[PDB]
Amino acid sequence: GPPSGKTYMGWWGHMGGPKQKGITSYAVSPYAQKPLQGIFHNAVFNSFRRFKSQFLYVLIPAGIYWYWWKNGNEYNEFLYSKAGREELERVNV
Amino acid sequence: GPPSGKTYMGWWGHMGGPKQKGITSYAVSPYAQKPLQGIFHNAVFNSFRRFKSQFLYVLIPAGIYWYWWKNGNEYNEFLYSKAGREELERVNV
Amino acid sequence: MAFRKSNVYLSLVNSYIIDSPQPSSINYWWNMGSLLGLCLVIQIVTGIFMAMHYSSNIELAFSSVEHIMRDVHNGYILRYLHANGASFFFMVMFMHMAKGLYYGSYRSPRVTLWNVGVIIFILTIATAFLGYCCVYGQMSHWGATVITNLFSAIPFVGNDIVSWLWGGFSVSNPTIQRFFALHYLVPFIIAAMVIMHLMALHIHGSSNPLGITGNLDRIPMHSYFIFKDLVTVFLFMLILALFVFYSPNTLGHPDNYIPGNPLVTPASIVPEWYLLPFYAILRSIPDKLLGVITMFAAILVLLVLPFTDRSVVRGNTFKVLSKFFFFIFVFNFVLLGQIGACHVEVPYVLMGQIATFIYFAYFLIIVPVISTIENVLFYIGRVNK
Amino acid sequence: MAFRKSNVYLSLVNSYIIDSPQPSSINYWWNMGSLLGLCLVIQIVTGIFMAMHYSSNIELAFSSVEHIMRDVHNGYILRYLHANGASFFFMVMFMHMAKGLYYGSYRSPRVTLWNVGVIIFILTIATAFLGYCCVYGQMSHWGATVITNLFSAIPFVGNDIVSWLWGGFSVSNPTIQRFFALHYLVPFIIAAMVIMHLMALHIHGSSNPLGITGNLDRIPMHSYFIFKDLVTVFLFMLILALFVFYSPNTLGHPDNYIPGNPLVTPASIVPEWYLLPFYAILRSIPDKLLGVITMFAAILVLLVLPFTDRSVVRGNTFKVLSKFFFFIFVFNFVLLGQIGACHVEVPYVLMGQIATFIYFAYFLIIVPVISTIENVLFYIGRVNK
Amino acid sequence: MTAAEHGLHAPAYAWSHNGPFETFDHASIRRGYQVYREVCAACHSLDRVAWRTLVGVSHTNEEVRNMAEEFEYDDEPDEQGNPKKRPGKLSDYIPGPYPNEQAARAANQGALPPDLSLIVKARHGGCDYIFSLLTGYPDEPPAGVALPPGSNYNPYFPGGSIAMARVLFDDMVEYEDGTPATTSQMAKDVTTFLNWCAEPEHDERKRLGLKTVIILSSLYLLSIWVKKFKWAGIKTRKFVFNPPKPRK
Amino acid sequence: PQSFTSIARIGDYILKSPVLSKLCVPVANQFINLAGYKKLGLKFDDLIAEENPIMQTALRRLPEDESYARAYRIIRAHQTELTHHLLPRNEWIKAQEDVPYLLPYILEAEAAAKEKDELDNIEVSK
Amino acid sequence: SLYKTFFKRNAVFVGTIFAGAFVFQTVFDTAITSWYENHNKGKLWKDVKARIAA
Ligand SMILES: CCCCCCCCCCC(=O)OC[C@H](COP(=O)(O)OC[C@H](O)COP(=O)(O)OC[C@@H](COC(=O)CC)OC(=O)CCC)OC(=O)CCCCCCCC
Ligand SMILES: CCCCCCCCCCCCCCCCCC(=O)OC[C@H](COP(=O)(O)OCCN)OC(=O)CCCCCCCCCCCCC
Ligand code: HEC
Ligand code: HEC
Ligand code: HEC
Ligand code: HEC
Ligand code: HEC
Ligand SMILES: COc1c(O)c(C)c(C/C=C(\C)CC/C=C(\C)CC/C=C(/C)CC/C=C(\C)CC/C=C(\C)CCC=C(C)C)c(O)c1OC
Ligand SMILES: COc1c(O)c(C)c(C/C=C(\C)CC/C=C(\C)CC/C=C(\C)CC/C=C(\C)CC/C=C(/C)CCC=C(C)C)c(O)c1OC
Ligand SMILES: CCCCCCCCCCCCCCC(=O)O[C@H](COC(=O)CCCCCCCCCCCC)COP(=O)(O)O
Ligand SMILES: CCCCCCCCCCCCCCC(=O)O[C@H](COC(=O)CCCCCCCCCCCC)COP(=O)(O)O
Ligand SMILES: CCCCCCCCCCCCCCCCCC(=O)O[C@H](COC(=O)CCCCCC)COP(=O)(O)OCCN
Ligand SMILES: CCCCCCCCCCCCCCCCCC(=O)O[C@H](COC(=O)CCCCCC)COP(=O)(O)OCCN
Ligand SMILES: CCCCCCCCCCCCCC(=O)O[C@H](COC(=O)CCCCCCCCCCC)COP(=O)(O)O
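Residue numbers (the numbering used here), protein chains in the order written: chain A, 2 to 94; chain B, 2 to 94; chain C, 7 to 391; chain D, 7 to 391; chain E, 20 to 267; chain F, 2 to 127; chain G, 4 to 57.
Chain A on its own, in the form it takes in the complex:
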């Protein structure tokens, strides 16, 4: 097969990261490891941490656009009622 260009991911053995030295791993078999030991206290406190650091960036745009949609929908159902029909007459023309 033909050669190809320089990529930024190699394969197992020549992956292409920087050379690393003196960094040791430690892992235990999952047969001697108890899974889901960290669901209780975890799904409460870590989930509250993940919500607290991260909710306000979602809650302010939702608040802005929901308030703007609600004000627009309220103004719609105002001016297509009997009370605002002359205003509908002057803004539709």
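One or more hints might be untrue.
No more than 25 Å apart at the CA atoms, straight line, and that leaves these computed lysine-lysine pairs for BS3-like [to be verified]:
hint, chain 1, residue 1, chain 2, residue 2
1, E, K254, A, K22
2, F, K40, C, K329
3, C, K391, F, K17
4, E, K254, F, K40
5, E, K254, A, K35
6, G, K7, E, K249
7, G, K46, E, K230
8, C, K11, D, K11
9, G, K52, E, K225
10, A, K35, E, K247
11, E, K140, G, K46
12, E, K108, G, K52
13, F, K44, A, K22
14, B, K53, D, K105
15, F, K117, A, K7
16, F, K44, C, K391
17, C, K105, F, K40
18, G, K7, E, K247
19, E, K257, F, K44
20, D, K234, B, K35
21, E, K257, A, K35
22, A, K20, E, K264
23, F, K39, C, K105
24, F, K40, F, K95
Because the hints were derived from the structure by calculation, they are not lab data.
Given chain A, put chains B, C, D, E, F and G with the ligands in place with the hints provided.
Relative to the frame of chain A, chains B, C, D, E, F and G with the ligands by itself:
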């Protein structure tokens, strides 16, 4: 990408043939070469050579199967005629 | 070597779904790709087994769909899976493209991957529109009419292009037959574009939610991301089974069970739920030609995205203002859909125009300016002079 | 490096049709592969543009085919290209498989390539049969009936399999609709199998008409075999244009222009011209179950071919007796087709049985015995003792 | 639009077949068919409902056969090509009262009565809309509404002006089981019957939904366990780093 | 695609002015500690995307010990993001340790590529 | 080791999977049919057929 198995065709440079030495090529540009100079005398004599060395291996099976088909078709149109209807009676039963 | 490495066919299966080096920090948002593959297989298999009972004449389309839902054994399962799975296909694809915008997967060296993604998105919108017109309900007929008149807006040529599309003078029997043929055809082009998408992905590997390299700590595909994708596959099938079996006709529009009548126009012509932001973008422009150009520019402005992200860090993970304006953009896209679902009434015209402007301003003004300000803020926060 | 080598997409185009090292001694018989690719593209494009006007109901199939041939602009070109190109597709495929048997391309290391070729052959026979039943003429209806009753020969299960295939109790509206859906579907499976075929080819390169290696003198694909394939492409289009425009209905059977009538049986039910050897093989066995098993074994006996060729030189080029018995086999296959075109009459039954026996004897007895004798004859011709 | 063009919002009636486990009331479907045949079937076709679908759902075998043999359908012609009729059977469809569209528009002042095979699935609101449409006619329209002559008022129709007449009055039909047949009772019965006609799969759809949701919820929890299991070697993995000797 | 010479010019114009520095350096480090890359145990020069050849050059330029430290900080960041936790407060990168260590290597590669492009497109002094 | 020989061979493992899936399909079908009929007693058609005795 992963490595693959040993194939019998490489690529340009490491094709995988035997090492060769002292065998020189000579070729001329086709702009200074006249194409189809070898159509006349060629399509007669070389075509007759290519026919003579190679026709009989095609002509004997065609002869055998065409003679066998013709004899079978003649025997068909015999025994479904008026002359061979009693033979059709004795070979169909 | 091993047989999964030395065989010609199994080497692709190996290097794609067995020994593919994935970054070990990717969360469940890197699972929508496998989920889209599963949902495409669902769409194709239900499409074949439901198109064995479909007759594509204009006088026999709606009756054949009802023949599927009534007389065919388990045919209601097929049609409900098919329509609601197309809805989930666009929902998972929207979440996948939002994963692309958020974590900066569009940036270099993955521009080819992003462009093939945008091509897949356009082909999928085309497939969904053609298959929705194959039902030939009320909404199907009138939506086909409105979209092809939008193609008639093209100057000096457009009327003959539309008489070519219709195969006649209005939406008639040749139109529905060629929409069924094209609708059978284009998903295989989508499958070929998906294979090209996987190639352009595989030449550099996936990103990670930090925006740094992942060449240091790679874990294989097999058993790890196989069972993580199996988790989200079962969740996706659970939610699809809810919206198929317990509430099937929620996402659809009830006018689509009226047969196609060219004489009666509906009270409100609305596409199916996911094409509504694009319909709002087109309806916000007070011109037909500029409307069609703006509707296609609303997808090509995703192609102009890697050239405007001037942030020197990849992805919006560790940046404040870019993350905030990203969620401004997402809820703006939802607001485009909800503007498009409404009528052409005060003040929805003005809000549709402002919402279209904030869409294009996010893709063209907000991202480069906020990325430049965030770069300078990262620099002067830690450099003292 | 160059852009055709460094790009992800163009590297496949490069390594397949530009810089592929081909042996420089291959003649025009190594051109049927490109010719089959061109003819498959012809079949697919005419199938799409002709299936935009086709309605697959049993009461509207034949009328829609005649609507294509009469009312559609240039529709006679489409149907005549389509049917006569299917005939040329099988003729070029028969010549391609004969190139495979003659020059020994089935032998090691190309067994995977040969097996994927046999899979493509089975899928193509299936596609042609389904599309011939989509016409719903007289021959279409009764051929579908005979082939599915052959599937009813299977013990203890077969009647329910056939009621599953028919979708009813005889060849009716669901049968023709599902044959049209399957017939639209299976050519894309053929395209995927063709891509797998090209992969299994590309891992070892083509053979050559001498049966020796070709690693020494390779010339590229580009301009050389590009223009050689262009020569045979123009010859193929010339002969296809003759049999489309000047004599279109020669290869077909004239009973197929009678509409499908379940009550009237024809005087002679015959498939289209290329399935006749297989129909003769099946008709030569005086049993239904053994007939169906023998008809499928007549294709699986091509899979048992690389394990019986005991010749130590590749290909029949430099061997006398193998070349002679190869042409015995080829003219026997033609004689099978001509036996199958005839009636069940004396002596065509006995000749069909002898011809089937010579078919299986060539694939199972003649090739290993003649190859062993040819090996020993090559040895003792030049070794003196 | 105003609320008049949009039509008044039909409220949430508590049907006996709402909820993810409740099925149809088949006695109510039987009584709904009776009210259909004696009131609606003068002016509404039911073209997509075959006779065989009522066997085992709302009527027995002989009841459907003796209701279908009262009607005449087109037989294949005789040995001289003359067109002939035949009594109905189980495989035919429920015939409409009108031979074509123009007879319908002639007999109903121009307005075409829509086919009711899918009418509870082709209106927003559905069951609540059909019930409020039937039981929603005022005795007199509100003050200031000029109806076009030949049309009627009820607020649930989009626009207010409908071309239907109020056709549910007290005790115009008699029930077989002796149920008091008021207007609301008959309207509830026909709305349940039209829900059956649009959704004949409804019972089997909900029980297969129960099976599928149970099996997929169990698979989802089992797959969460197996993902937390096979990732346990990677979640708990630890890294320490003593920086190497700088002479090399 | 910011071309580090440009961001360095803007940042030095902000820092050398007293009014602009007094105005937007508190905004700057407030942005930094709301960004939260410290809490995963990273530095900002560990965070610049390195899949363009000029940054790849500036990573070849780097000394050995800082390269091994950068590799450890990346692997601990991937592991901490995998467990969906944060590093404990003793292991967070402090404000004094967030040193722009890779910035001069990046800037000299910037100046080298800029000079190569300018000299590749020169006129002649006629 | 008491159950591990019941899990050791993969043949008997997948045989246990298929036997249990067969039993699960039969029992689960019968149980969900019985519960779905019991929850809606008085509304199914065999109830109305029993009530309407004429
Ligand atoms: C039936 C519908 C099929 C539709 C498919 C359309 C394509 C038909 C393909 C037929 C074929 O491929 O046979 C190839 C066969 C072997 O070729 P070879 O390499 O051994 O000969 C080298 C040539 O002199 C080089 O000469 P050159 O390469 O310079 O030109 C070749 C020739 C092109 O002709 C063909 O391709 C085949 C007709 O140009 C001409 O001069 C033509 C003059 C009018 O050519 C021959 O030489 C004939 C030998 C007998 C074959 C009889 C076939 C009966 C089935
Ligand atoms: C189920 C499995 C499928 C089986 C398919 C059955 C066969 C399908 C029929 C297709 C026709 C293909 C014919 C055979 C194609 C290969 C023939 C060939 O390779 O041609 C070359 C051959 C010998 O040439 P060399 O390569 O040996 O030359 C070397 C020089 N020293 O040159 C020759 O010997 C002459 C070649 C002349 C070809 C004659 C073809 C006859 C076609 C049938 C005619 C029917 C009407 C009677
Ligand atoms: C035959 C192959 C086939 C394929 C492949 C296919 N569909 Fe469809 N699809 C159909 C048919 C037939 C219909 C019309 C019948 C129906 O709507 O139930 C349809 C209808 C639809 C509808 C309208 C459903 C409704 O009832 O409103 C949508 C939406 C849709 N397809 C989307 C898709 C998408 C998205 C894909 C894949 C990316 C896809 N289809 C692939 C056959 C197919
Ligand atoms: C829609 C896509 C389509 C594809 C792809 C396609 N066909 Fe067909 N084909 C048709 C249609 C439609 C018909 C029936 C109309 C006709 O016969 O003209 C047909 C008919 C046929 C017929 C019968 C022609 C006749 O009139 O007797 C044959 C033979 C056939 N196809 C073979 C093939 C083969 C071989 C291939 C590819 C390997 C193929 N088709 C691919 C659409 C297709
Ligand atoms: C236009 C955007 C876009 C569309 C549309 C799109 N993709 Fe992707 N896809 C991406 C990007 C970007 C990535 C790379 C993710 C990243 O940034 O690391 C990706 C990656 C993937 C992956 C690898 C797994 C993953 O989550 O990254 C798969 C699989 C995939 N896509 C499949 C699909 C399929 C299937 C479709 C539709 C058929 C599709 N994609 C449509 C942009 C897209
Ligand atoms: C049953 C046998 C067989 C069938 C059928 C078959 N192939 Fe081949 N094909 C081969 C073999 C064997 C080779 C290589 C022979 C050699 O090089 O000696 C081959 C080679 C090729 C080549 C390379 C050029 C050449 O002639 O060797 C192409 C291209 C190709 N096939 C395409 C196709 C296509 C397209 C089809 C139909 C869709 C097809 N093949 C059907 C066996 C087959
Ligand atoms: C007087 C003749 C007549 C009778 C009797 C009649 N209908 Fe109608 N019905 C109509 C007409 C006309 C329309 C459509 C009028 C329109 O569109 O303005 C209609 C429309 C309807 C509609 C839908 C109206 C809409 O706006 O969508 C329903 C539902 C309906 N009928 C139910 C029934 C039922 C149930 C019965 C029997 C119980 C019945 N009708 C008996 C004439 C009749
Ligand atoms: C980055 O890491 C990766 C990664 O590298 C990969 C590869 C994947 C995996 C990607 C996929 C699985 C997507 C692949 C999708 C395709 C290849 C699309 C192909 C789809 C098809 C439907 C194939 C077409 C097949 C058919 C149409 C056959 C159907 C035929 C039928 C049903 C015939 C029925 C008729 C009869 C008579 C039975 C990942 O998910 C992933 O993230 C973890
Ligand atoms: C060994 O060396 C080689 C070699 O490597 C290769 C690749 C080839 C080439 C072989 C092939 C290309 C065969 C492969 C064939 C395919 C992959 C089939 C592909 C065809 C399709 C997928 C169908 C085509 C589909 C389209 C064109 C889509 C567009 C169609 C329509 C109808 C859209 C029109 C609609 C509108 C609205 C205009 C050789 O010939 C060859 O020998 C020299
Ligand atoms: C083309 C369609 C794409 C759809 C995307 C689907 C992505 C997830 C695929 C999951 C495949 C699981 C195989 C794991 C495996 O074989 O591990 C095998 C054995 O594992 C198992 O037995 C898993 C139990 C059986 C699970 C069956 C799941 C079937 C439901 C699939 C629903 C989607 C089709 C190897 O496991 P080991 O290496 O840890 O020993
Ligand atoms: C997918 C379908 C497969 C069909 C198999 C077709 C196999 C042959 C393909 C021929 C392509 C020719 C390109 C050569 C080329 O570009 O050389 C280019 C320029 O050559 C030419 O200009 C050729 C003149 C134009 C010929 C146009 C032929 C079109 C008819 C095609 C009919 C079949 C589709 C490079 O030539 P050079 O490297 O010698 O300089
Ligand atoms: C556009 C691309 C579409 C997708 C195509 C690419 C992805 C293909 C994935 C295919 C996965 C399944 C293939 C596994 C089959 C492996 C068997 C094998 O390779 O043995 C092959 C023989 O294969 C065959 O005979 C027919 C295989 C047809 C496959 C039909 C699906 C022998 O291969 P090999 O030469 O390495 O063996 C030497 C013996 N020690
Ligand atoms: C039927 C196909 C089945 C699957 C087989 C795959 C083979 C596909 C053959 C396609 C050949 C023609 C493709 C030419 C495209 C080359 C252009 C290109 O690679 O430029 C690419 C960008 O591509 C695109 O944006 C659009 C590609 C869409 C292609 C849709 C057809 C340039 O990217 P580059 O390689 O220089 O990487 C630098 C990273 N910034
Ligand atoms: C071919 C792709 C199809 C994927 C479907 C996924 C969508 C989820 C809804 C499925 C409902 C259709 C089936 C059904 O109605 O069954 C119902 C039972 O529900 C289920 O068991 C569905 C569980 C889905 C598990 C998926 C396993 C993966 C198989 C891959 C293909 C071999 C009806 O059961 P029954 O007919 O009574 O035997």
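Checked hints:
1. E:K254 <-> A:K22: Roughly 22 Å between the alpha carbons, so the hint for E:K254 and A:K22 holds.
2. F:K40 <-> C:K329: Within the cut-off at roughly 18 Å; holds.
3. C:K391 <-> F:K17: With Cα atoms ~7 Å apart, C:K391 and F:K17 stay inside 25 Å; holds.
4. E:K254 <-> F:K40: holds (18 Å)
5. E:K254 <-> A:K35: Given pair E:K254, A:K35 holds - Cα atoms ~12 Å apart, limit 25 Å.
6. G:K7 <-> E:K249: holds (20 Å)
7. G:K46 <-> E:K230: holds (21 Å)
8. C:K11 <-> D:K11: holds (24 Å)
9. G:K52 <-> E:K225: holds (22 Å)
10. A:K35 <-> E:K247: It holds: about 10 Å lies between the C-alpha atoms, which stays within 25 Å.
11. E:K140 <-> G:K46: Given that 25 Å is the threshold and the Cα spacing comes to 22 Å, the pair holds.
12. E:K108 <-> G:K52: holds (22 Å)
13. F:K44 <-> A:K22: holds (20 Å)
14. B:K53 <-> D:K105: Holds, at roughly 21 Å.
15. F:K117 <-> A:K7: Roughly 22 Å between the alpha carbons, so the hint for F:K117 and A:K7 holds.
16. F:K44 <-> C:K391: This hinted pair holds, its Cα atoms lying about 19 Å apart.
17. C:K105 <-> F:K40: holds (23 Å)
18. G:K7 <-> E:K247: holds (23 Å)
19. E:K257 <-> F:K44: holds (20 Å)
20. D:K234 <-> B:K35: holds (18 Å)
21. E:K257 <-> A:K35: holds (16 Å)
22. A:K20 <-> E:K264: holds (15 Å)
23. F:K39 <-> C:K105: Satisfied, since the Cα-Cα distance of roughly 24 Å is no more than 25 Å.
24. F:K40 <-> F:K95: holds (9 Å)
Hint violations for this structure: none, all hints satisfied.
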